[PDB]
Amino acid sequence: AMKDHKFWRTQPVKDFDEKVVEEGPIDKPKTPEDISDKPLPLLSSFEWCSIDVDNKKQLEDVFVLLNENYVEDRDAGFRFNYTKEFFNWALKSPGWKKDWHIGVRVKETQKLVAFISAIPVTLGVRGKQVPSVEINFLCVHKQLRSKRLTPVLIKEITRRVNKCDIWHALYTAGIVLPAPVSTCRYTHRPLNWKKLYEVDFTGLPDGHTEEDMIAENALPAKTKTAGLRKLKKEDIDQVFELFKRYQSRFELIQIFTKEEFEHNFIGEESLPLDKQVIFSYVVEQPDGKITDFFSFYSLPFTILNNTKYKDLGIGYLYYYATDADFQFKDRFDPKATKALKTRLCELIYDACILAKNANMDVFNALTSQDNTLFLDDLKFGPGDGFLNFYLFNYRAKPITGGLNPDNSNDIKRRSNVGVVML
């Protein structure tokens, strides 16, 4: 499908199979002065609204809307379980504005029925510094589906961001839209097999007993990497530089500021185990040097119609970095690769141990970054979904997603996608 995109055919996006030769903005430059200060027209019975994350009730309508409508099928037996903690983390990064957390409420009932948010970030695209925004959490109520409300949400958010002189954005989607700059596959590492099976999230291959599977996926109780501990504010300067250094190898990344970095990796203090969102770890050597860093975040699902379970823990491998190959000049030097693979397999194995001990039931990871070096060895099984990466108002050459043409993990090129979207 290439011409049947009534809305996207009108937007400044790359075209399918387009041979990019000059990367960069698509539309001719504009000024925030050429941008209407008035919110786009909306269906007579609807009205725009600005969700204040700092408001209990308002933030609540957001995750209630998303929880009830994020899954496409009432018979699924499961639902997303966004929390106030999750959104406080994801929506309050430095530079955020209530004006960019947009919703659509029914005038009469004031019911939230749509939502979409943007957060400002600096994107690094093949070395190019691009002030942008990341769009996420787009959601339209099930009763308002196939009515083409989405394009209006997109256009209204594009306007508010443009009025602030920001002209680009990164967004991801499982569905195929005009020219993705990259595609990655999802993988799942069973941490609590028995429960995943009982809530029907994994199968039992013919020839295998439930005992085979449990033993096969059984994990040690304690981590193994020496010097491994939780990230602390004291560590920020070192970890930040280590991260930036490692990240520079990728072609698509978010260029954090120390402030953004700290907000993103050290969560809200005083949160119970069962409510904690971000989990960041570091490895410190006897000389005080920080040589490793990895993180994962929690986003549970609510389980339905089950007498034994009503919640499913889901950990998502996030950002990480290590100096394991800083000794070699060329990332793809087979020696640099071997050294990096051995370290990542070690660090991420401990990550699975930490996620399981944190009561995560399954561990999710994409084939982005250098993930394919450890994915198969650490038993992250091939998932059924794929994630396409896109750039609004920006034309860029294709970036490796860590997949072979047959959808298997490309362990030799890995991926040049360094950003991890929520």
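Residues that one form lacks are left out of the comparison. Positions refer to the first chain, counted from 1. Definition used throughout: the rigid core is the maximal C-alpha set that superposes within 1.5 Å between two forms. Compared with the form solved in complex with its partner chain:
- Only 75, out of 211, 330, 75, 234, shows a C-alpha shift of 2 Å or more between the two forms on alignment of the rigid core.
- Taking the core as fixed, the only part between the two forms where three or more residues in a row have CA shifts of 2 Å or more is 74-76.
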The other form holds:
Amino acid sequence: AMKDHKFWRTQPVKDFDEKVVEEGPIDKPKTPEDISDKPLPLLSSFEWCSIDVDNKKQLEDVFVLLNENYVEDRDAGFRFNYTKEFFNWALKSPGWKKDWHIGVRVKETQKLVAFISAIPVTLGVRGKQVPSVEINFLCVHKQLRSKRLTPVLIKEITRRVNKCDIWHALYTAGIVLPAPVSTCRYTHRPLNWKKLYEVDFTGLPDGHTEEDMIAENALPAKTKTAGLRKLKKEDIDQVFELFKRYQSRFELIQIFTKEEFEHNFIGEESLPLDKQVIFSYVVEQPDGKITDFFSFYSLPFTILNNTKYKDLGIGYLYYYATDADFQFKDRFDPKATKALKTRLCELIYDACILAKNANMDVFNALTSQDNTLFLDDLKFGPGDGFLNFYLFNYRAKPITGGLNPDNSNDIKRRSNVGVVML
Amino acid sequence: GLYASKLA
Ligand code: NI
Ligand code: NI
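Alongside the form deposited without its partner chain that was just displayed, please also present the structure of the form solved in complex with its partner chain.
Below, the chain from earlier opens the complete complex, with every other chain and molecule after it.
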């Protein structure tokens, strides 16, 4: 765990158990010109390539690979089900480039075999602004693994970014790597219960029998909060200052511009609900005031472990904000937490409703932010996965990830991880 | 990250 890292042993990363006293860049300053203007050396038969999301075929290949090779053989029937919609949303954040959506195609077969994505973001690390990139969607074909190509991809994506004068990045990973800045856990709230035990994504306790299952997970068919409308372009100016105001409590965050805020929460118009990705909602008051906002996105799995099904609806809790405790000076005040807690339970309660209504079968959260105030209550069941947050070329003191030493939620201090990854 | 996770 601590020394089994050939590649990361050479990278600008915080090392295991490092007592960071002064936060900041790791490497000594460099400039884009003292950076190779030519891609790294690939296996003799392989070749590099960019991915134009606007290109039907090019993007078509990407999700095929990710749908076939994203699961790592612990079959329960699942295969991710990335859609063109999903990636059109995820890969076209303001500032994106085809260069940055890198892949590897075999010189002759032209079949894409590897992929890794980078999109520009400004990060807030304990008040310091850090021009960065966000890395995600790293994937290699199953008959090309354990052959150490990933580090090549990581070196090639870094080069291309460095060549644009961007020297840092935030990436998340399950596996433990040199320097997590924080760790959070995945909790899952069932919506189409029966359908889950059916597909094996949920266990069934003998002494709480199937009947009681569905009976407990039950949920209204319509929301319950006054003014619960839905996000519209007109709301932006206002919801952005509310979101900004609320996110200031965290130590790690993405400093959205109104453009990336807009792009992020208002997706493509005219998309069947059978193909929508982002769901942003907002609470307005007679006053005309927006005081709440929350969002979740959709990423389903294809199926094979069930005869009646072939799909599984999954929703993830994204960003949200409220003005409950804006009256209090200290976030952790006993009463300040009073407000904030009930509201989030309300909002998230409706978010679960909108989710099943949108056809999701299970809602996923991550102990990050204050999802800990409502996770257990609204009954989100803690799962196998854990996520680690990393900062490339940046030294920062550990950030509370919403976990207690025994992996139990920490209703106490909650979390300071303000970002949420796709 | 990855996602769906599991539990028993
Ligand atoms: Ni290790
Ligand atoms: Ni856009």
